[PDB]
Each structure stands twice: as structure tokens, then as C-alpha cells.
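So this first bit is one chain, no partners, the form deposited without the ligand, shown in C-alpha cells.
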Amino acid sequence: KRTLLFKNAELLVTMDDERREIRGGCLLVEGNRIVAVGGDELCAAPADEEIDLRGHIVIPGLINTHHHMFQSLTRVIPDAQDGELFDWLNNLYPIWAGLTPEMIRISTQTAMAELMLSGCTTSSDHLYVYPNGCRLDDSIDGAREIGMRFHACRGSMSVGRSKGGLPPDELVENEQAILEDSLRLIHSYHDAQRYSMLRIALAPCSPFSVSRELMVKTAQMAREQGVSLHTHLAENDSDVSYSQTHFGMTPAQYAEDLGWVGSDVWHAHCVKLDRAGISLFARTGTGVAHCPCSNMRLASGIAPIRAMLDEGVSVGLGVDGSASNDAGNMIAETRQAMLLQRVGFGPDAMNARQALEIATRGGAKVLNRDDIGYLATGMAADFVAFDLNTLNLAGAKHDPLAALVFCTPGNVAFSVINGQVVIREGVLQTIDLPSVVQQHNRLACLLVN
């Protein structure tokens, strides 16, 4: 098996069980997994390829736990730039009706490229529209070319505007079709073993877009098949009122009532989750995908992340779809989580290591994976390296780790995913990025005009 040695990192951040931060640290990789982590004599190890990381910080690859990568074709749509969750959706649904399988394939690559160059090695997605013959398969095809570790969610909507829901009737599907497609996707694509590069989750989009019947059946199938469940929960005030008006419950009560609690569940946003819901999630092991830029750009609110963490809730990080961020920058999202918790809850609400922990270990937890998220023997060989001698970080070498969260670094210098060196000296190796960006912009023009 192919061996790879990364040697002489200025700081090697492990996020391991001792949270070791090794000066001069070295990483030895074999195949897709880590052999050993340390300094000293391990740096003298021969290997099939050695890469010198002097002047760089190495961290575990960041883990993105919420996205809508198809929306990277529709950033800053003029009619959608100003306004809240509902109304924003109302202006964007008509544009998304034009999506083709090619747009799904290319936009998965574009969004994934932006995430990979900003430090991310594992991401989920939440594709929930399937017009014009689009399939989750098209997104999987693109994810396979670019080499990122992928948790593909079969998103869905069934309750159109005629039935008391939000999406237009054209963009929703029949619930039996959804369940059959979900089962097909699991059987064809879900790899449940260690170091898997592709897993499937089931993800009805939100309580205002799907029936409770589909929520229960989806959960039943996921438990039967051994896969996770994902949805939007308590994103803003309208979300909370809709659930109170239509179902007589808080979003947390509604989730538990449907079986959507447990370590195989993770909810996006949870901005308006109440103290009772936080305790419920803590005791059931239910996960949260925190999306701070989205929560700001849509004026959703400040999620009570510090309160969730203090009760033992599992919190990961997500950029959300690029029509509500509108960036796809993972390390910048980690910075935002620190800044927003501090402005919301005080100077002790979130430091650099706590935010980075959410962005790594927290993401592994909410995706229900124990093989990513930190660097130790037997873990997946997923990590990135930032050049510390850039202008962006000048004067911040007093703490190379905090520098990534308190400053605004550029792209990663190196990225390793599943043992593959996918980024080399700032250059994405697995696709022709200028060509994909070029195609992406042509398709985006086609989609909107």
C-alpha cells in the first residue's frame, strides 16, 4: 500500500483525545488511513512520497454538515437579495424549476471545490428539488470526480402550495415515489463501512414542505436501513409559528413526536430551539448543524449554540446553500461561529479551539461517524495545511491554530482526502477547475435567463 509522510509542520493540530498540538509534527499515512502522528524519529520515516510542511499548520479536515450545492448556480439573485426565509424561497423556486442533470453535476463540483480550497474534506448536501429528470445520482457523479468524502441526502418535498405547504406544486413529488427512490439510492450507493467515501441520508426538506406521514415513514426506513435522518428545524419565527398553528407543538416536540430524535438524526439551524428542546436533544443525542452566515444573511437569528454545547448537544457546522450565505467558505464559517456567539452571548461564549472543534469533531458526530474528525492512528487520512507565512497571517504566529479562526486566511496549500493528495500548493488536482468554473457560469446564465 502507498505510503505518504507529511513532515515538519510548524504546528500539527490533532483534535485527538488529548487535543495534542505538535510543534514540528509529522503524519504518516498508508492507503486511506493514518499510521501514526508525532514528531521526533517518526519524521525520519521513509515513504513513497514525502511532503515538507515547514511553515504550515496542519489541522483535521473540516466537516461541512449542511448545504444546497445546486444553489451555487443562483447566488445573489436580485429579487432574493433582501428578505427572510419565506419570500426568499418564493422568488427562487421558479428559477430552480429549470435545473438539469448537468447543472446538478457541475454545481456539486463547484460548491465542493470552494469548500475543499477553504479547508473542508467531508461534506453533506441537501438536494431537495428534482425537476427535469435530475437525480441524486448526478450529484454523486460530480462528487466522485472531485474526490471529496460525501454524505448525500435524498432531500424531498411533497406538500405543495395547494396542500397548505410552501413550495409550488410543480416542485414537489409523490410520497411513494420519494420512498422508493430513497430505498434505491441506499441500496445502490450507501457504503456503511469504515473509511466510506459515500453515505446516504434521508432528508425531507422541512415541516412546511412535507407531510408528517412522510416524516414517520422516512424515519422508519432509515432505521431499517441503518442510515441517518436530516431536516430543517426551527430556522426562524415563521417556522415556529407554522408548527404551532398546524401541529400544536414546538419544533422540538414535533421532531420527537415523529421519531426524529437520536444520534442518527441531525437538524439544520435550530435557531429558535427552546430550552426544553435543547435538553431533549442533549439526552437523546440528537445533532445540530449550525449555519451562522445563513442565519445572519436571512436575518433568522443567533442560535443558542453555547447553551446547547453546555448541555452536551452535538453541534456541527454548515455553510448552507449558496443562495443563503452566499459563500461556501468553511474556515470563514468557523470564524463566523466564533464571532456570532460572542456578539450574542458574551466574550466567553466561543473561542478558537471550541469553534474548530465544532468544525471537525462536531461534524463527525452529527454525521454519526467515528472515523473522521481528528488525526490519530487508524483514523481516515483527511487533513489540510495552511501556509503560516502569508500576509493574511502576518503577526499571528503567536498561535497558529487561533490564527485560522481570528484572521482571514486564503486557500489551503495542501489537502489530503482518504489518502489522496487532492490539493497541491493551492491547486485542485482532481478536476480542471478553470474549465468547471467556466461551465458553471454558462449554466448559471442559462438557468436564470
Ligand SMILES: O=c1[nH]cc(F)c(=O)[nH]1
Contents of the next structure:
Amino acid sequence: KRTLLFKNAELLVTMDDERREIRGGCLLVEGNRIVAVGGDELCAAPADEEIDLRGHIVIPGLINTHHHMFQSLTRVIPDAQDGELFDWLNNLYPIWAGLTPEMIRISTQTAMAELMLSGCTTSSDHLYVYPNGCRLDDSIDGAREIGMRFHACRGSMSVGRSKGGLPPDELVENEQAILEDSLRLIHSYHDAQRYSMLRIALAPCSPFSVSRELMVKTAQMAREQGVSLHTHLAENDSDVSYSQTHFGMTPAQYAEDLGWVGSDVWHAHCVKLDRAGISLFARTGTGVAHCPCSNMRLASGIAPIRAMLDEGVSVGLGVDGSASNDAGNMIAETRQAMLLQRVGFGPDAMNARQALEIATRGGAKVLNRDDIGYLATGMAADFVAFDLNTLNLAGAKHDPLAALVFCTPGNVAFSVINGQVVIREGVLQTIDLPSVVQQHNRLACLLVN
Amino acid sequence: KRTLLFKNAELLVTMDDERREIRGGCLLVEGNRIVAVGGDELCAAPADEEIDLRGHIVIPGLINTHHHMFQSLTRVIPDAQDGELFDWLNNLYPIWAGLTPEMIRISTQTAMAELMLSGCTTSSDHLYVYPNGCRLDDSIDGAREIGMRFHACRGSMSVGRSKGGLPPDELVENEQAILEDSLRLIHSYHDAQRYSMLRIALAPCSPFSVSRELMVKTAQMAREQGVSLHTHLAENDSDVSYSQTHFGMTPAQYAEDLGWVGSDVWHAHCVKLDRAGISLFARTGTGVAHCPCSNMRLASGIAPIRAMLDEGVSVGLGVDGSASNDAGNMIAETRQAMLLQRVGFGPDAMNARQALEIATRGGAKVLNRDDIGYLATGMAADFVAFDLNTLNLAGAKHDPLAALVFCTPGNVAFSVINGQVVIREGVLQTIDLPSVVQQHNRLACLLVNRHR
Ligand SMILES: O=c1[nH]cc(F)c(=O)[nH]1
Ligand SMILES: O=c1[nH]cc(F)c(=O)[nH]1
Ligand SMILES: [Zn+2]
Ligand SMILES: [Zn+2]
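Moving on from the form deposited without the ligand, please list the structure of the form deposited with the ligand bound.
Zooming out: every chain and molecule, the one shown earlier first.
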């Protein structure tokens, strides 16, 4: 088995059970997993490759828990930059009706590359449109080429124009076809073993874009197959009113009534989750993907993340799709979580270590994994290093960890995912990034024009 | 005088009176000024150097209107990261008491380098501590090394611990000495001419950090000398209560009472400015430096920027000191202004072009300058270029301008300040940046290990 030693980090942030932050720390890797973490004599360990991390901070790889990677082809569309969410959807859906399998494959790589260079080693996605023969398989193909640990969601919608919804009919599917494809994807791709690089989750776009029968049947299938459940919930005032008018229930009551609570469930946004919903989520272990930049850029609101954390809700972090952020920058999203909670709820609402915990342990938690999210013996070899001697962090070496959240760092210097060194001295190793960016921009131009 | 042609930008954002955004745009420069702005007809122009900007967006240089660059030596101090503003001040003041002239000279270069690589071509600063023989001269020396267009404020404090204030006495000054040094700095350094690289403003830290007499005499001096006035105003709930309690007045009423209104005045933050204060500022031309990251990082609040703009208030942008942001990233601050107004006031509150106008034309206005802030014949040759073919902007070429605000771009590819190409292919040309960063971090270490 291949061994790898990362030695003499200026600070090794473990996020482990003691929250050890080790000066001069070293990390010994064998295959895809961590052998030991420490300073002192472990730094003298022989290894097939040694990488010198003096002057760097090492953190556990960031974990992104919500995205729509296909939207990285359609950032800052003029008719979608401003205005109401109604106009945003109505101007973007006809564009997305042109998506091809190749664009799914390429856009997954582009969005994952942006996340990887900004500190992220595991990401979910929420692909929920399948025009022109597009399949989740195309996104899985792209993810496999770039080497990121991947939770692929079988997103779905069934309520289109003919049934009184907003999406064009060409962007919705029959519900029997959705369940059959969901089952196929689990059988073909879901790896439930420790250190899995690919897991499947089932994800109707929202409880309102599919039938209530399909929400219950999806939950049933996920529980039978041992996979997770993901959807958008309580993202804005319109979601809350819709739930009340149409079902006589708050969004959280609606989720509970469908069986969409539990540690195998995580809901994106939850900006308008109420006190009873927070408590329900806390006692059922239901997770939340917090997407601060999206919630600001779409004027959704400030999610009550501090209140959720204070009751024991499992909270992870997500960038959301690139047409509603529009960046894909994980460490910048972690910064935004801290800034937004403080402006919303005061100076004690979120510090650097609490935000970074959401970005690491919190994300592992809401994806229902205990093998990622911190650095210790037997954990997955997922971690990143930032150079502390850059201009961006000059004067911030008083606390290298806080520097990543309070300052604006550049790209990571190194990234390791499943023991593979995927970024070396700021250069992505698993793909030809300039070629992918070129193809992406040509495809984006073809799609929109 | 040297001539420069910048040709074939994918998009040249002028911010001019017609807000032209020119595909294939070109810029012809002579010395410190723009000779022409146009399309490919400019390619027939002769120039000493041509720079090919295809694949790039060019924008007017961003203008930063509030800072404390000395704080770039003390980012994320553990005891100041969290807690109340009281704890922030009382844990940072003893550290700043060890500042030396060399630290002022170096920290100015570090803070300006961060601003320049993130799109900024003009900055003010608000140095308000002068321990151990430090002088505004030291900051001016650093700014002259790096080539940034500079509005240096003689900040001041006189109400210390022994007199019932929070700063220690070693960090406050006698008020007559403050006025004397203010006049010396104006006479020695303030260049009032077009395309000036150095202007002086007078800047008591807040209306409560000095006597009422110093507030009034400082304004009197500034008006006599023709320079501007700068201070912190209405940053938080404590500022509003204090002025109401001690003076029976809102912060903006108190500023008016002190004579601290007018187009030669700009107030930092104004988070808690009320409707009548907004109206007052609009009709007097009083400016505002909006500091969104600082206002969130210190839990100050969401300033009513959309309301001020709708009433006619001149609003610029500021990163604030690096101990309350803690970044110095001008284009990221522009993004934050847009994100924060939307979450505060709805989807119509601020778009990419509105935010970029605050960061350019808005900053020129609050600094009382008509020669920077947009690209047109006779304007200062201050502009920057971002590469549009980066991973960060992939899929955003549908609107190159909005991409700068809605995405998170890297450093600029090129920067021109006063006609000098100060950043070339991402590399800062005017200082040895890794050497300055090394010295900065070493001085930061010496500073925090001082005996106190
Ligand atoms: O912000 C968003 N809301 C709803 C959606 F379906 C989506 O893709 N993005
Ligand atoms: O936010 C701030 N408040 C007060 C200060 F003196 C300062 O520098 N910054
Ligand atoms: Zn989403
Ligand atoms: Zn300030």
C-alpha cells in the first residue's frame, strides 16, 4: 500500500474529538485512509512520498452539501440577475431545456474544480432536470475523472406547465419513470462501504414540484435501499404560504407527515424554518444544508442557524447552484456563514471554528457519513493545505485557522482526496483544467445562444 | 511623456455619463491621463507600448474610502475575534501602542498591495494612533513606494483612559498638538491639482473621541485649507444612544451641529442613520463610506444604503481596518455590498452595476474628486483588467461586468494607476511583494510580543 507523509504543517487543524490544532503537525496516510496524526516522532516516518508543509495550514477537507452543478453553465444570465424568483425560474428554465449529456459531464467538472481549489473534498449535487437524454450517469462520469468524493442526488420534478407548475413539460418526468431510474442508479452506483467515493441520494426538487405520493414513495425506496433523502425546504416566504394554503401545514410539519425526517434526510436552506420545526429537526436528527450566499443573492433571508445549532440540529454548508450564488467557493462560503450569522444575530452568533466545523463535521453529519469530516486514525485521507505566507493572509498568522474565515485566501496549495494528491502547488492534477474551462465556456455559449 | 494603448478588451466598462460598456474597447493614455476611449479605430493610434486585453474585462479602478491600514499587522488576534466591541477595543489598543514608524511604512504597503491586486487604484486611510514617534509621513512614504493614489487622513483621538475614554493615554494626543500637526501635513503634502496622487483630510476618530472644540476647529481648518473631513458616524446602536443621551441629538443632527456636513465631509458606516439623517445628508451633499464586511464582522448591522441612494446621498465603499473585516479585498467588498443589501431589503435593492458604481463613481464623489472614478477623455488613467477565461468566471461570460460581483474572481491581471502599469500579468511591479510580506509578518510578530 502506498504511503504518504505530510510533514511540519505550521498548524494542523484536526477537527477531531479534542479539536486538536497541532503546531508542526504531521499526517501519515496509507492508501485512502489516515494512519496517524501528530507531531514529534511521527514526522520522522518513512513514506513513499513526503510533502513538506512548512508555512501551511492543513484542515480537514471542506464538505459541500448542496449544489446544482449544471447551472455553472448559466451564471449571471442578464434576465436572471435581478428581479423576482418567478422571473429567475421563467428565464432560466428555457435555457436549461437545451442541456446535453456532454454539458452535464463538463459542468460537473467545472463546478467541482472550483470547489476543490477553494478547499472542498466532498460534494453533493442536486441535478433535477434531464432533457435531451441527460442522465445522472453523465455527472457521475465527470466526477470520476476529477476525483472528488461525490454524493450524487437523483433530483426530480413531475409538476410542469400542463399540471399547473412553472417548469415546461419538457423539464418534468412521469413519476413511475423517476422511481425506476432512481432504483437503477442506486443499484448501479451506490457504494455503501467505508471510504466510498460515490453515494446516491433521492431528491425531488421540492415537495411541491412532485406529487405527495411521489415524496412518500421516494422516502420508502430510500429507506429500503439504505440511502439518503434531500430536497429544498422553507427557502422563502412563498414556500411557507404555499405549504399553509395547499396542505394546512408548515414546511417542517409537511416533511414530517411525508416521513421526510431522520438522520438520513437533509433539507436545503430552511431559511424560514420556525421554532417548532427547529425542535422537530433537532429531536429527529434531520439535517440542514445552509446556503448563505444563495440566501442573500436571491433575497431569501437569514436562516436561524445559531438557533438550530443551539438545539442540536445537524447543519452543513452548501454553495447551491451557480445561477444563485453565483460563485462556487467553499472557503468563501464558510466566511459568509460567519458574517451573515453575526449581522443577523449578534457578535456571539458564529465564530471561525464554529463556521469551519459546519463546513467539515457538519457536512459529514448531514450526508450521514462518519468516515469524513475530521483528521484522525482510520478516517478518510481527505484534507487541504493553504499557504500562510501569502499577501491575503499577511498579518493573520496570530491565528492561522481563523485567518481562513476572517480573511479571503486564494486557492489551496495542496489537496488530498481518498489519499490521491489531486492538487499540487495550486495545480489541479486529475484533469486538464484550462481545456475543461475552454470547453465549458464554448458549451455555455452554445447553450444560451 | 509615455503613451500606452490598451486594445481589444472583451468588455470595456467606462462608467461614463452614458455608462458605455464597449465590446472590443480600447484606451489610449498619455502620462497620467486618458487621451481617448473607443473601439478598434484606436488601434491605429501610435503608442510606446501596446497591451493586448482580449479575453479581459477592463473597469475603472475601484476606490476605497475607509481603512485603518495599520491594523493589517493585527488580523484575527485571538482575543479580538469574538465578543463585544468593548472587548475588541480593549484587547487591540494595548497591541497598537507598540507600533513603530517602520510598521506604519510597511503595513501601508501590505494593505495597499491587497487592495491593488483586488482592483483598487485609489484609497483613503484613517490612521488615528501615533505612538512611539509614528507620523502620517510614514504612511505617505509607504504609499509612495507602491504607487497607489492616496487620501491620507490625519486621524486623531484626545479622550483617553485618564479622561474617561477607552483608549489608553499613550494613544491619545493633546488637541493643540493635533491641530498643529494637521496644518503641517496639509502644507507639506496636500496636492490640490488635477491627477493628484496625494491629498490630506482631517479625521477625528469619532465625534466622541475628541472635544467638541476640536471637532469645530478641525472643520474650521479644513475649510480654510480646502481639504475634506472624515470620521466614524452612527456605526452601531451604542453610537445612537450616546448622542441621544449626552447631546439630545441623533448622530446626524450632532454632525450638523458641529458643522460636519457638506460635500467636503464623508462619514464612515452610518449603519444606524435614520430617515431624517439620510434626508439631511442628501441635501447637504454629505458622503457615506459603506463598509459591509466590517458591519457584519462586528455585528453592527445592515446600513440603509438603498434608502440613501434613493434620496440622493453620495455613497462610496470601504473595506475598513483589517482588524474588523478582516480582508482587504476591494472587489469582494463590492460583492458583499450587493449581497447584503439584497438580504436586507429585497431583490431590487442592489444589482451588479449599482454596486460597481458605488465602488467607482461613488468613491470619487465622497472623496470630492472629479478626475477619477470613470474612464473618459481627460480622466485619470486609473483602471484594472480581470481575465475572463479563468475557472472562477467559467460560465459567467454572459455578462462580464456582473461576473465580477456575482462570482469570486481572483487577482487582477493588469492595473494602471496614474498611467503607470503597476500590476502586469498578475504581478505587482512597484514593490518586491514577497519581501514586503515577509517583513510585514516579522514586524507583526515583534509587535504582539512586546511587553505590556
Ligand atoms: O435557489 C433556488 N431555488 C429553487 C431552485 F429550484 C433552484 O435551483 N435554486
Ligand atoms: O469598527 C471600528 N470601531 C471603532 C474603531 F476605532 C475602529 O477602528 N473600528
Ligand atoms: Zn438549490
Ligand atoms: Zn473604521
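Numbering follows the first chain given and starts at 1. For the two forms, the rigid core is made up of the largest set of C-alpha atoms that agree within 1.5 Å on superposition.
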item: Out of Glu84, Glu145, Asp274, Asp137, the residue that alone shifts its CA by 2 Å or more between these two forms when the rigid core is the reference; value: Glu84
item: Cα displacement of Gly378 between these two forms reaching 2 Å, rigid core superposed; value: no
item: Rigid core superposition, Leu166 Cα moves 2 angstroms or more between these two forms; value: yes
